[PDB]
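Could you put together the complete structure from these sequences and hints?
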Amino acid sequence: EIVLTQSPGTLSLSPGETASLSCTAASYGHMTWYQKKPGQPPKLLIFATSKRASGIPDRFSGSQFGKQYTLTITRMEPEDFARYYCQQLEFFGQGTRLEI
Amino acid sequence: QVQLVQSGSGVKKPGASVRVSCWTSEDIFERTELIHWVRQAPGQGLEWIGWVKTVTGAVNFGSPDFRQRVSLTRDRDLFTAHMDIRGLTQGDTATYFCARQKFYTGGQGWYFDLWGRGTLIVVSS
Amino acid sequence: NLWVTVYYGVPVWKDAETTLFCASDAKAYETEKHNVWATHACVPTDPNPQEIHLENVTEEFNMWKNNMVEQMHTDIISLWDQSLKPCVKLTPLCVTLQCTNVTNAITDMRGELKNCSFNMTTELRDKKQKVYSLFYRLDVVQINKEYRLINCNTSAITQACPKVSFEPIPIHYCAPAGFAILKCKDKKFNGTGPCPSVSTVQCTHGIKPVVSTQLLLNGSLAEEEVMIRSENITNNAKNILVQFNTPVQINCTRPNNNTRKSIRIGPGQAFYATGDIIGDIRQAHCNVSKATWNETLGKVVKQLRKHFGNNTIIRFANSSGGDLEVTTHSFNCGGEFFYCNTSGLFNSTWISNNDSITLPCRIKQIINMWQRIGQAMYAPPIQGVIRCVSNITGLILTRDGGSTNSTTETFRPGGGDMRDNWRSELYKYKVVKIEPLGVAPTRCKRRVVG
Amino acid sequence: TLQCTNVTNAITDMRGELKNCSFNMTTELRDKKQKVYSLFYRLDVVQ
Amino acid sequence: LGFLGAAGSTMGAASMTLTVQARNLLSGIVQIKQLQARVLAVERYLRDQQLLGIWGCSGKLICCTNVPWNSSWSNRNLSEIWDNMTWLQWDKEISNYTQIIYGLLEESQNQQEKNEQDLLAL
Amino acid sequence: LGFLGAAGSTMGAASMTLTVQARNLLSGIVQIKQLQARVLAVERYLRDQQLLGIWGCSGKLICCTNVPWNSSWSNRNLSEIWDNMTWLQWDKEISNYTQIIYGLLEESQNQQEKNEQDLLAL
Ligand SMILES: *[C@@H]1O[C@H](CO)[C@@H](O[C@@H]2O[C@H](CO)[C@@H](O[C@@H]3O[C@H](CO)[C@@H](O)[C@H](O[C@H]4O[C@H](CO)[C@@H](O)[C@H](O)[C@@H]4O)[C@@H]3O)[C@H](O)[C@H]2NC(C)=O)[C@H](O)[C@H]1NC(C)=O
Ligand SMILES: *[C@@H]1O[C@H](CO)[C@@H](O[C@@H]2O[C@H](CO)[C@@H](O[C@@H]3O[C@H](CO[C@H]4O[C@H](CO)[C@@H](O)[C@H](O)[C@@H]4O)[C@@H](O)[C@H](O)[C@@H]3O)[C@H](O)[C@H]2NC(C)=O)[C@H](O)[C@H]1NC(C)=O
Ligand SMILES: *[C@@H]1O[C@H](CO)[C@@H](O[C@@H]2O[C@H](CO)[C@@H](O[C@@H]3O[C@H](CO)[C@@H](O)[C@H](O)[C@@H]3O)[C@H](O)[C@H]2NC(C)=O)[C@H](O)[C@H]1NC(C)=O
Ligand SMILES: *[C@@H]1O[C@H](CO)[C@@H](O[C@@H]2O[C@H](CO)[C@@H](O)[C@H](O)[C@H]2NC(C)=O)[C@H](O)[C@H]1NC(C)=O
Ligand SMILES: *[C@@H]1O[C@H](CO)[C@@H](O[C@@H]2O[C@H](CO)[C@@H](O)[C@H](O)[C@H]2NC(C)=O)[C@H](O)[C@H]1NC(C)=O
Ligand SMILES: *[C@@H]1O[C@H](CO)[C@@H](O[C@@H]2O[C@H](CO)[C@@H](O)[C@H](O)[C@H]2NC(C)=O)[C@H](O)[C@H]1NC(C)=O
Ligand SMILES: *[C@@H]1O[C@H](CO)[C@@H](O[C@@H]2O[C@H](CO)[C@@H](O)[C@H](O)[C@H]2NC(C)=O)[C@H](O)[C@H]1NC(C)=O
Ligand SMILES: *[C@@H]1O[C@H](CO)[C@@H](O[C@@H]2O[C@H](CO)[C@@H](O)[C@H](O)[C@H]2NC(C)=O)[C@H](O)[C@H]1NC(C)=O
Ligand SMILES: *[C@@H]1O[C@H](CO)[C@@H](O[C@@H]2O[C@H](CO)[C@@H](O)[C@H](O)[C@H]2NC(C)=O)[C@H](O)[C@H]1NC(C)=O
Ligand SMILES: *[C@@H]1O[C@H](CO)[C@@H](O[C@@H]2O[C@H](CO)[C@@H](O)[C@H](O)[C@H]2NC(C)=O)[C@H](O)[C@H]1NC(C)=O
Ligand SMILES: *[C@@H]1O[C@H](CO)[C@@H](O[C@@H]2O[C@H](CO)[C@@H](O)[C@H](O)[C@H]2NC(C)=O)[C@H](O)[C@H]1NC(C)=O
Ligand SMILES: *[C@@H]1O[C@H](CO)[C@@H](O[C@@H]2O[C@H](CO)[C@@H](O)[C@H](O)[C@H]2NC(C)=O)[C@H](O)[C@H]1NC(C)=O
Ligand SMILES: *[C@@H]1O[C@H](CO)[C@@H](O[C@@H]2O[C@H](CO)[C@@H](O)[C@H](O)[C@H]2NC(C)=O)[C@H](O)[C@H]1NC(C)=O
Ligand SMILES: *[C@@H]1O[C@H](CO)[C@@H](O)[C@H](O)[C@H]1NC(C)=O
Ligand SMILES: *[C@@H]1O[C@H](CO)[C@@H](O)[C@H](O)[C@H]1NC(C)=O
Ligand SMILES: *[C@@H]1O[C@H](CO)[C@@H](O)[C@H](O)[C@H]1NC(C)=O
Ligand SMILES: *[C@@H]1O[C@H](CO)[C@@H](O)[C@H](O)[C@H]1NC(C)=O
Ligand SMILES: *[C@@H]1O[C@H](CO)[C@@H](O)[C@H](O)[C@H]1NC(C)=O
Ligand SMILES: *[C@@H]1O[C@H](CO)[C@@H](O)[C@H](O)[C@H]1NC(C)=O
Ligand SMILES: *[C@@H]1O[C@H](CO)[C@@H](O)[C@H](O)[C@H]1NC(C)=O
Ligand SMILES: *[C@@H]1O[C@H](CO)[C@@H](O)[C@H](O)[C@H]1NC(C)=O
Ligand SMILES: *[C@@H]1O[C@H](CO)[C@@H](O)[C@H](O)[C@H]1NC(C)=O
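Protein chains in written order, with the deposited numbering: chain E, 1 to 27, 30 to 91, 96 to 106; chain D, 1 to 35, 35A, 36 to 52, 52A to 52B, 53 to 82, 82A to 82C, 83 to 100, 100A to 100F, 101 to 113; chain A, 33 to 140, 150 to 184, 188 to 309, 312 to 321, 321A, 322 to 398, 411 to 507; chain F, 128 to 140, 150 to 183; chain C, 520 to 550, 573 to 663; chain H, 520 to 550, 573 to 663.
The reader is advised that the hints may include incorrect statements.
What the hints assert, rightly or not - 20 Å max Cα-Cα, derived PhoX-like pairs, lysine-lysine:
| hint | chain 1 | residue 1 | chain 2 | residue 2 |
| --- | --- | --- | --- | --- |
| 1 | A | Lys351 | A | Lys232 |
| 2 | A | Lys490 | C | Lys633 |
| 3 | C | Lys574 | H | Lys574 |
If you're looking for bench data, these hints aren't it; they were derived computationally from the structure.
Now the structure itself:
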């Protein structure tokens, strides 16, 4: 059993529709999300509590039930096309990528 | 989005040791409970290495493969941190990052609010 | 029809923080008038038994949010600092030292002691003197014959006052009027969540300001069986309080009739330093009963399996590194500060399905309390005989992180944050405020005659 | 006692506003002294 | 039942101990942060007396008004409240009704009765 | 009117706000020179309450005596005082003999009333 896994994985997206990414984990707990672009350090998007991270321009949101958390991104804006990762304490997922 | 000042990059021979370090202003450093290190290998997801406590210097590593080859230190009067890696192998080529957490309440999960630009270590012939 | 009525004195309370009153044993003060914890004036201990069992009352507790810890911590630091203000101010002491290792010693070549000399000031501006005396290796660094004190670039090194005892004195905390302290009576309580049975007490009892690192010494003993408590169990940043149900006894000693020299370094400015040592010089150490320790760990292991499963392996290991204060067991015995090698206690693995352990120790005279930056205290030497006996009541442990290919988990000594010690005694108590105003319906009309 | 002259080899704006002065200052050790140098404004010093 | 022993009893039964609660440091009476604590206890005590004075209930543990009870505040029976509940539960039950009730007691009873009584006295 | 709105208004109208004034820190209730200030507020409150207790006026906003008003100290119509004056003005007219008035409240009413009540009681 892998402690933290992500889905759907890399997908094509169309701007104007709202994105949805999701991941699951062993046991239960708070979960958080980061955004990463090539050549750059990652940045925090959502606090592990699901509260929006400071400095984020109100395009990101999410919630959880059971062992699963879902992240959504407003209107699939191209500015946010990036690698995305889940984190649960010590573990990181394999990540996903936004394409078009 | 405050950046941590990161040390430079370079290339090492197998078996060589290397030091990686980062610096901040005193009003950034004092607020930090833990300084964490992570590794980003090409083609891989992000890997946790370990952390050092800013107050006591206590260290908690991830895989034992790091524990035997990695030592973490901190210096509160210089507002810095250092990572000492020994026994480098070709499999250790990766970008390494300095990152920090200022959350003092449990049950809130881990956070990495601050990041350095990171540095590249290349191990080769 | 019903009407509003008012009831003054209603027995309702709400969670609240308020400053608590310091209380202690006046007789302890009489035995030592300058004791730092006893203080010159305080509220009496109020030993009187609890009147109230609060039948049919339950409520939520959370020891991790218990602000009594912060007040205890603040007061302990404040008393310590205040007690040092009268002290001699040894700052002029930092001069170039010129020296070599101790020679013509009987010995136990240990490099722990050096025989050093320097140009020190005197009562007169015009005169200088050579002090000599001995130093511990831990207190000095090389500039190779030239040396400096290890904390000489800090704001000050000052002598502990020669007539102040640091022996822990019980401190009780009492509610202000209109407030009360509630105590959870549930056996083997988590320290968190709903408590099945509570009671009311005017003050806390039995709490002592005992400073230690890896092993809490002389604390309360778990009521029935070893308790494992933590803020969480998945977050490896958090410490675990082991809470033994039985004590593990330890003897600690220090050799050997070390003499003391009194030096004036200015008008009336007494400076104390280590003089010659009579007879053999041995490394300081402690004995822990091997059998007692082993039975004790077995009990801890049984409890850990409750959180990790019965198909697990529990491994213990020594410290991962960091400051001397976290990597070793530190304690104050007889006024001397010891740092001991505890690795002999943790070299074991536990798998589901007259002897003793001797622990070597080291001594330094310069102490930076509570990891404070820029300040240091110089302890004057204790004149030659240390004998100390203690009760180990529990450990502060951490768990190694990282993924596994197995059910094996590894635990190490950790923490070093003194607030975790205070919490191990204060978890039983909660502070609330009493709110008299209340209203309820009756049939009365408040008839009025005018 | 400070021993000094005007700032020299400066790009400048002879303004007498800045002086380049040196002195023997104490150190962390009673036995050692150091040369500090650094600059002073004219308003803060007298001959 | 002693200090707060009444908390384990019904609201009706608890009324027997109101004096005991008044004695047990509700008064603010003592047997430089310690000085501030003493001052605070006094301020809290006097405030509550003022509120009773505003209601015209001063000097009494139990006081009535002509302000009617709102059955919608609790949706519970008279005997249910007095026999099947504790004061701790009750406080939570009507806890958002303090602002209105407190205002009504002053406006509907105390200032009005005093004005009407003055007119009789004239 | 509201707090401080009331002082300016005719002495009669002001009576509607007596509780309002009591609530708005007149009572001295507090929400190291700052500590001294808190203590003094308490002393001011208790002193005035003691006067009311002496007069038998405690617990009341409006309290009467059997001592006649000294009309020579005010020289105005009853309705003139209540409708055409403020309390700020009124205080100046009767300020000089105020020591006498306070003494009369004790001597002419309370010392004698308590003695007579005791005689009836025994
Ligand atoms: C855990 O608890 C144990 C027991 O309570 C505790 O050990 C005790 O420590 C105290 C203080 O070190 C010991 O008391 C000493 O007893 C000797 C007996 O002759 C006295 O001479 C000592 O007096 C010294 O201090 C005086 C202060 O003015 C000086 O004037 C005098 O000259 C001495 O310097 C002192 O009273 C006590 O005997 C031990 N008990 C045992 C069983 O050894 C232990 O330290 C506690 N552990 C921790 C971590 O606190
Ligand atoms: C260490 O910290 C962890 C958090 O970082 C703690 O994890 C929490 O543990 C509790 C208890 O097991 C979990 O509660 C479960 O929640 C699920 C579903 O959630 C329901 O409620 C939400 C409210 O918004 C609702 O939206 C959902 O639809 C559900 O209605 C229940 O099914 C379970 O029965 C149980 O209640 C927490 O979920 C879990 N984390 C979070 C974020 O909830 C962990 O316990 C801590 N460890 C300790 C204290 O030792
Ligand atoms: C106060 O004085 C102490 C003692 O001199 C200072 O600590 C010393 O700081 C230096 C510089 O960081 C350390 O040097 C290091 O030595 C290792 C040796 O292998 C070398 O690899 C490093 O590159 C570096 O040169 C020195 O070891 C250290 N001494 C001790 C005993 O830890 C301290 O920094 C001073 N505080 C100040 C100036 O604020
Ligand atoms: C430290 O060094 C001093 C100085 O050498 C030692 O004291 C000397 O001992 C010799 C022999 O008895 C005397 O002749 C000297 O006069 C002593 N010097 C002074 C200043 O008293 C001292 O014993 C040494 N300490 C040790 C070896 O622990
Ligand atoms: C005090 O003793 C130490 C040894 O315990 C001396 O340092 C040693 O000096 C020799 C050469 O003479 C070296 O080969 C050793 O490696 C040194 N040891 C260490 C730990 O560095 C020391 O010089 C003596 N006294 C002083 C003032 O240094
Ligand atoms: C540590 O030393 C103490 C003595 O200082 C030991 O306690 C004594 O043990 C003897 C054994 O025959 C008893 O007769 C004494 O009555 C004990 N003294 C007491 C209990 O105060 C203690 O057992 C030693 N600890 C260890 C682990 O050996
Ligand atoms: C801890 O145990 C050791 C070993 O038993 C004690 O050291 C012995 O002390 C006796 C004292 O008469 C000596 O005769 C032995 O030779 C010592 N054994 C050694 C040096 O290996 C030690 O004193 C005990 N420590 C205490 C009680 O604090
Ligand atoms: C430690 O020092 C004390 C003195 O401070 C020594 O006590 C001496 O004991 C002998 C025993 O017969 C007496 O004759 C001496 O008069 C004592 N000294 C004093 C100053 O009175 C004690 O013996 C010393 N211990 C060691 C190991 O030398
Ligand atoms: C923990 O215990 C081990 C022994 O089981 C200590 O031994 C160290 O082992 C490493 C192996 O590479 C050596 O390089 C070290 O030199 C050994 N000791 C020291 C002091 O360096 C280890 O030190 C112990 N950790 C502590 C005491 O913190
Ligand atoms: C703490 O105690 C352990 C155990 O005694 C020490 O480990 C020793 O390390 C040296 C390193 O050269 C080895 O040669 C010994 O054989 C080890 N002893 C063992 C394994 O029993 C460790 O060095 C001590 N740590 C410190 C800081 O002194
Ligand atoms: C370690 O714990 C034991 C057990 O609680 C302590 O011994 C008890 O001390 C009390 C003191 O009033 C006695 O009444 C008990 O009868 C003792 N229990 C025994 C002898 O089994 C011991 O003193 C504690 N050690 C320290 C240093 O506090
Ligand atoms: C706490 O609860 C118990 C019940 O569990 C109360 O016991 C009551 O005792 C009276 C005595 O006449 C009986 O009439 C009641 O029926 C009992 N209650 C129940 C539920 O059986 C006890 O009085 C309660 N504590 C307080 C302070 O009231
Ligand atoms: C402040 O001045 C205004 C304006 O004069 C006062 O308004 C009075 O309103 C009542 C309403 O019935 C009228 O009968 C009055 O004639 C108005 N003024 C006067 C002077 O009579 C207002 O009441 C004044 N506020 C006070 C006195 O507190
Ligand atoms: C100490 O002072 C003397 C002069 O009084 C000087 O000769 C000596 O060199 C100084 N220190 C040492 C180690 O010599
Ligand atoms: C501690 O909390 C856990 C989770 O609620 C519970 O299962 C356990 O029984 C508690 N322990 C005690 C002593 O109440
Ligand atoms: C501790 O107990 C275990 C058995 O549970 C035993 O195998 C081990 O040798 C003991 N350790 C000792 C006696 O030091
Ligand atoms: C330091 O003292 C010496 C004493 O001779 C003096 O010559 C020197 O000028 C002083 N400072 C400097 C910078 O020269
Ligand atoms: C009772 O609640 C209703 C809610 O609409 C309110 O209108 C009514 O005035 C309230 N009664 C009292 C006495 O407050
Ligand atoms: C009181 O009990 C009676 C029982 O018939 C019920 O009809 C009434 O609604 C109750 N009053 C309440 C719950 O306020
Ligand atoms: C007070 O308001 C909160 C708001 O959600 C409500 O949940 C609570 O039940 C209310 N309490 C009362 C006594 O009405
Ligand atoms: C009150 O008004 C009447 C009007 O005739 C006047 O005679 C009387 O003296 C007045 N009383 C006073 C001013 O006290
Ligand atoms: C009050 O006394 C002062 C000072 O003697 C005097 O000037 C003033 O006229 C008096 N006022 C009254 C109302 O009697």
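Hints versus structure:
1. A/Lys351 with A/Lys232: holds, 14 Å
2. A/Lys490 with C/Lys633: The hint holds at about 15 Å.
3. C/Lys574 with H/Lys574: With Cα atoms ~14 Å apart, C/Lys574 and H/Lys574 stay inside 20 Å; holds.
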